[PDB]
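Between the sequences and the hints, there should be enough to build the whole structure, so can you do that?
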Amino acid sequence: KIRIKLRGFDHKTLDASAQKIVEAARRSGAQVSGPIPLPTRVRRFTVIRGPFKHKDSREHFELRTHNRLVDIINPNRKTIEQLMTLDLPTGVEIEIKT
Amino acid sequence: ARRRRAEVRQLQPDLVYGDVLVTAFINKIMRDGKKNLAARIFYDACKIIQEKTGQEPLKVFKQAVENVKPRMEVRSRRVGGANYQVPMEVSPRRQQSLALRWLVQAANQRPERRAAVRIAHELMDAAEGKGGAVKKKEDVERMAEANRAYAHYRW
Amino acid sequence: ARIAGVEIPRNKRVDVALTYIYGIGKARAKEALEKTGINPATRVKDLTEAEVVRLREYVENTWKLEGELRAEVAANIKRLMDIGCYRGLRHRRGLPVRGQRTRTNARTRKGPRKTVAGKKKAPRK
Amino acid sequence: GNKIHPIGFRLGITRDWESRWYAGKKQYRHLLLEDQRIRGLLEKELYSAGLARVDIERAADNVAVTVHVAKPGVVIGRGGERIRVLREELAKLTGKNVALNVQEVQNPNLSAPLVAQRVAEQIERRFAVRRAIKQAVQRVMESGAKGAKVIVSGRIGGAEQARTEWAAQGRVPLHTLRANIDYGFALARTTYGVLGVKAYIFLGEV
Amino acid sequence: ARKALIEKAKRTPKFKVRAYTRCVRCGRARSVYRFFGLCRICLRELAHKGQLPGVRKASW
Amino acid sequence: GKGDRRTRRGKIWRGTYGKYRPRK
Amino acid sequence: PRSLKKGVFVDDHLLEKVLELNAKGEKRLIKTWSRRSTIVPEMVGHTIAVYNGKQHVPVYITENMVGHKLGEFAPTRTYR
Amino acid sequence: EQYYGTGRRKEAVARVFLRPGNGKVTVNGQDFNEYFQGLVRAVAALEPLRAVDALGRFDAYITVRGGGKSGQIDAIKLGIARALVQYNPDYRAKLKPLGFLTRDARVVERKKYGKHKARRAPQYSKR
RNA sequence: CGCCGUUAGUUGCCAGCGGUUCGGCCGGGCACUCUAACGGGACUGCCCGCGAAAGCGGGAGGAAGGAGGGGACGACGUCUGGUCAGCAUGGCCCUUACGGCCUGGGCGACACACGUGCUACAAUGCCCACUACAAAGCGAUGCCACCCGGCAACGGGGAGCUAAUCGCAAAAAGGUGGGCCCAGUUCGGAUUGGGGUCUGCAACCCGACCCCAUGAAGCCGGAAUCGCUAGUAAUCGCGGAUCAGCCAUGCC
Ligand SMILES: [Mg+2]
Ligand SMILES: [Mg+2]
Ligand SMILES: [Mg+2]
Ligand SMILES: [Mg+2]
Ligand SMILES: [Mg+2]
Ligand SMILES: [Mg+2]
Ligand SMILES: [Mg+2]
Ligand SMILES: [Mg+2]
Ligand SMILES: [Mg+2]
Ligand SMILES: [Mg+2]
Ligand SMILES: [Mg+2]
Ligand SMILES: [Mg+2]
Ligand SMILES: [Mg+2]
Ligand SMILES: [Mg+2]
Ligand SMILES: [Mg+2]
Ligand SMILES: [Mg+2]
Ligand SMILES: [Mg+2]
Ligand SMILES: [Mg+2]
Ligand SMILES: [Mg+2]
Ligand SMILES: [Zn+2]
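Sequence order for the protein chains is J, G, M, C, N, V, S and I. Residues 3 to 100 (the entry's author numbering) are what the first sequence spells out, left to right. Residues 2 to 156 (the entry's author numbering) are what the second sequence spells out, left to right. Residues 2 to 126 (the entry's author numbering) are what the third sequence spells out, left to right. Residues 2 to 207 (the entry's author numbering) are what the fourth sequence spells out, left to right. Residues 2 to 61 (the entry's author numbering) are what the fifth sequence spells out, left to right. Residues 2 to 25 (the entry's author numbering) are what the sixth sequence spells out, left to right. Residues 2 to 81 (the entry's author numbering) are what the seventh sequence spells out, left to right. Residues 2 to 128 (the entry's author numbering) are what the eighth sequence spells out, left to right.
Certain hints may be false.
Said to hold, decoys possible - Taking CB as the label site, the calculated pair distances span:
| hint | chain 1 | residue 1 | chain 2 | residue 2 | range |
| --- | --- | --- | --- | --- | --- |
| 1 | G | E139 | M | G68 | 53 to 63 Å |
| 2 | N | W61 | I | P21 | 36 to 46 Å |
| 3 | J | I98 | C | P73 | 55 to 65 Å |
Just so you know, the hints here were simulated from the structure itself, not pulled from any lab data. For each residue, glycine too, the CB sits at the ideal point set by N, CA and C.
Right, dumping it as structure tokens:
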């Protein structure tokens with residue numbers, strides 16, 4: 003039962019996890035529940051376009067946070083060895099609570 | 002409407018009589034978009050007409066609306082000095098719009114407390130040929146053909 | 002009948018009629034009816050003498066209503082003024098007290114308007 | 002008023018951000034404020050090397066910091082004296098062990114940040130605006146670039162009345178996201194006052 | 002703002018109540034976001050230079 | 002109306018609770 | 002309809018300065034800047050000169066003005 | 002044995018299940034006239050059934066989620082129309098002309114700035 | 001945003017089933033909904049009429065038709081438009097202060113006047129009760145469930161959450177039943193008296209909130225004038241940024 007959470011500001015960078023971790027044993031060792039998407043908390047920052055007056059201008063900025071679950075039962079010895087320290091993404095964070 | 006000729010938007014038929022004219026009347030009664038409360042009023046009126054008249058309710062509505070439709074009306078227009086009320090026919094589209102509107106307006110002038118009672122007695126008074134709704138129609142018609150001395154300004 | 006000081010509300014619900022008494026409002030009303038078991042809906046003209054007496058003997062010997070209440074309030078504000086109090090000076094001027102903006106909307110506490118010279122050579126908006 | 006930053010307008014596509022790194026709601030403001038302290042310092046020191054964009058990444062308490070310059074030579078230093086003390090002051094701000102890198106710019110005439118920084122140095126140095134600009138657009142246009150444009154603000158020539166000098170070539174479809182248009186701005190502190198200089202270079206399409 | 006006033010992180014401000022945000026990039030004490038430590042002007046400026054990670058221009 | 006503190010809709014609007022609008 | 006909870010507040014500037022005069026006698030003028038302090042019983046008689054932003058106005062404290070704040074007796078703005 | 006259809010409208014989704022039965026409609030557990038109790042519109046949802054003289058020829062278990070009873074009323078009317086075409090593909094020659102198959106796409110228009118309600122612009126004076 | 005498919009099922013469900021404290025609560029499948037990555041789909045493409053062509057009217061298939069709907073985007077330039085109090089920046093002026101520091105006061109003054117709004121004048125309404133439906137967002141030195149005390153604001157207790165897995169939440173207009181009966185009223189809730197909670201070193205000037213009492217003007221508004229063409233107007237309520245708290249009836 004391997005539970006690893008995946009946060010991130012970019013949704014293509016997170017994918018650099020699913021197509022990399024599920025390559026151990028999807029139909030041989032464990033089952034691999036696969037990467038679940040989960041909702042994505044959005045942050046909006048609305049700002050007045052210019053300095054001084056002009057209240058009716060404004061521009062919108064959002065900071066979308068994407069999520070991933072994964073979760074894989076059967077913490078195989080050899081399967082974990084590989085999917086241990088062979089990553090690449092820089093705009094991703096991981097949490098583990100298997 | 003400077004570009005398009007504007008197309009009338011047909012509305013969903015009645016959920017009882019199936020008549021589309023009926024829905025229209027309900028929309029006029031509706032305020033703040035409370036369609037339910039609206040319909041709940043119109044139908045409540047059809048009940049009040051069934052006991053007052055042995056005749057079916059839809060027969061009354063049809064009659065009422067028809068009596069309240071103006072054949073002619075005046076429409077202001079500058080011609081070279083002041084404003085001139087020029088008489089002229091009223092298109093079928095408009096006759097309907099006005100009848101229904103006036104009906105609902107005179108309706109809420111009656112003293113009766115219950116809304117449904119106001120529409121009911123008002124529809125009945127309309128088919129009978131009486132009632133303030135039919136007055137407006139009469140006064141508008143009396144308005145034109147009272148200015149025939151300008152009817153040559155078609156417009 | 003007279004429940005509170007010279008009070009004669011009739012032809013109406015007891016809990017509503019009671020409101021016409023001075024220091025009595027919706028709360029005290031439906032409260033005095035429960036603590037005296039009097040059906041709130043009943044019309045005053047339909048109250049038992051026995052019930053009226055209970056209401057009378059209660060409402061008067063339980064709260065401070067009418068004139069005597071006006072007296073205390075009239076007295077309280079007078080106190081605020083006698084002492085150099087701030088709220089006091091406000092009561093003297095006839096201006097709001099609960100810290101409200103007086104550049105506009107102080108009508109209720111200032112009565113009808115006292116329109117005077119508001120402009121002469123500048124945007125009269 | 003009109004016209005939004007052409008990069009901020011493309012950040013999404015055809016213009017990856019300038020610092021890719023997640024950060025929770027509680028730390029972000031810090032990791033961000035730090036980026037500035039850094040980006041700022043480097044920007045002032047490595048001036049002469051002429052920098053384009055200081056990209057920054059973050060990991061398990063780590064810091065990328067890849068300065069894109071045209072004269073890496075002057076960046077590194079003799080045998081490694083410049084590239085040395087820098088990581089000495091950087092790691093002081095960031096106790097996360099800040100690696101540091103230096104990249105070569107394949108021609109500094111397609112680096113709006115530079116082309117603008119260029120014309121700016123000329124103006125601060127009493128040059129003739131219209132000319133500097135005509136040349137700049139040329140050089141840029143000289144080495145590829147499907148289009149280019151340079152804009153100098155006002156007080157052109159020390160004059161009392163501020164103005165704006167145009168000059169552009171080829172295409173510059175600002176209204177197209179699928180454009181990849183580099184943008185560069187440069188001040189020009191002079192004896193009479195400031196003078197903005199914006200630089201636009203249009204390269205590649207889809 | 003003036004330099005003398007810049008000092009939100011002055012620490013021990015006597016009472017937590019006297020402490021106030023203030024922009025970390027311009028000193029602006031009038032519309033500083035908590036998530037950014039910046040004011041609405043700077044938030045707009047840097048976001049345009051993609052210097053605020055992940056911060057994009059919204060649109061729906 | 003939304004202006005009556007000691008009323009249902011009065012509390013809703015003012016976004017509060019009390020005798021005129023318990024929590025549950 | 003005032004409110005301060007359960008813990009009547011008063012600034013010890015005078016709170017501890019008044020309790021002293023109660024160990025000797027009266028006192029003429031006690032200029033303060035603490036109009037935050039809720040006048041306590043142990044003040045009646047003393048003449049505290051409250052500040053208005055411009056001057057110190059003497060306010061004779063009386064049994065009548067117990068829980069009232071010193072500022073309430075020292076008007077700030079000047080109207081006609 | 003049982004036929005299904007989705008159906009959506011203005012933020013409302015309702016799953017529709019039809020089974021050759023009597024006619025009862027188990028909407029979210031309650032009877033139809035129980036969930037859409039006292040809303041002169043409900044009769045609408047069941048309309049498509051009347052398009053093919055069915056109704057008592059089927060039975061329908063429906064679950065709704067999202068929006069308002071009136072939005073749901075239409076979503077439901079779309080399921081009762083699709084699940085019906087799954088039962089019989091030839092049930093489009095009639096069920097379609099009336100439009101019952103089109104998915105009402107009108108949605109709450111976004112709220113723009115400098116405006117009170119999206120389009121509703123603030124009012125002014127001197128101008 | 002609108003339809004369909006693929007990929008992934010700690011959202012989902014009697015779909016067909018077996019366990020029921022009959023709560024999808026355990027088993028358990030992920031089908032459907034949803035989540036979100038990606039992908040398909042319309043192109044006047046087809047039929048008919050008109051046309052030199054572009055294209056215009058009309059029709060079928062289709063979730064969608066001919067710019068399907070809403071955004072982001074705003075040319076050369078004009079207004080010597082706005083801002084040097086965001087920030088830079090040339091010039092000018094200040095030094096023992098046109099710097100700095102505090103405590104307090106002021107920006108909250110009011111005889112008046114205007115803009116923008118809120119709440120109303122009520123019965124297609126108001127009150128009470130019971131009861132059904134959202135979306136998007138938020139949760140630390142916080143969001144706060146079911147508990148206890150208080151009419152209550154709230155106080156003490158204390159579970160879960162670290163948040164599609166807990167909480168804010170009750171959505172409100174709605175529906176059902178009952179009350180009011182046309183009255184300045186069970187319309188309206190201004191103002192003022194009293195008692196109290198909370199945040200804060202501290203609420204007099206200058207906070208919000210609760211409860212009792214008070215219960216104003218207002219019976220739909222002169223000249224004139226504003227918004228809006230469809231899920232629009234109108235109407236109903238919910239969230240958030242700022243933020244200890246809050247004068248937000250503002251803004252998004
Ligand atoms: Mg505009
Ligand atoms: Mg715009
Ligand atoms: Mg000189
Ligand atoms: Mg400064
Ligand atoms: Mg503060
Ligand atoms: Mg009321
Ligand atoms: Mg001392
Ligand atoms: Mg709306
Ligand atoms: Mg699908
Ligand atoms: Mg079973
Ligand atoms: Mg053709
Ligand atoms: Mg365009
Ligand atoms: Mg001000
Ligand atoms: Mg209790
Ligand atoms: Mg009722
Ligand atoms: Mg009106
Ligand atoms: Mg309104
Ligand atoms: Mg707040
Ligand atoms: Mg609100
Ligand atoms: Zn700033």
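Which hints, by number, does the structure contradict? 3
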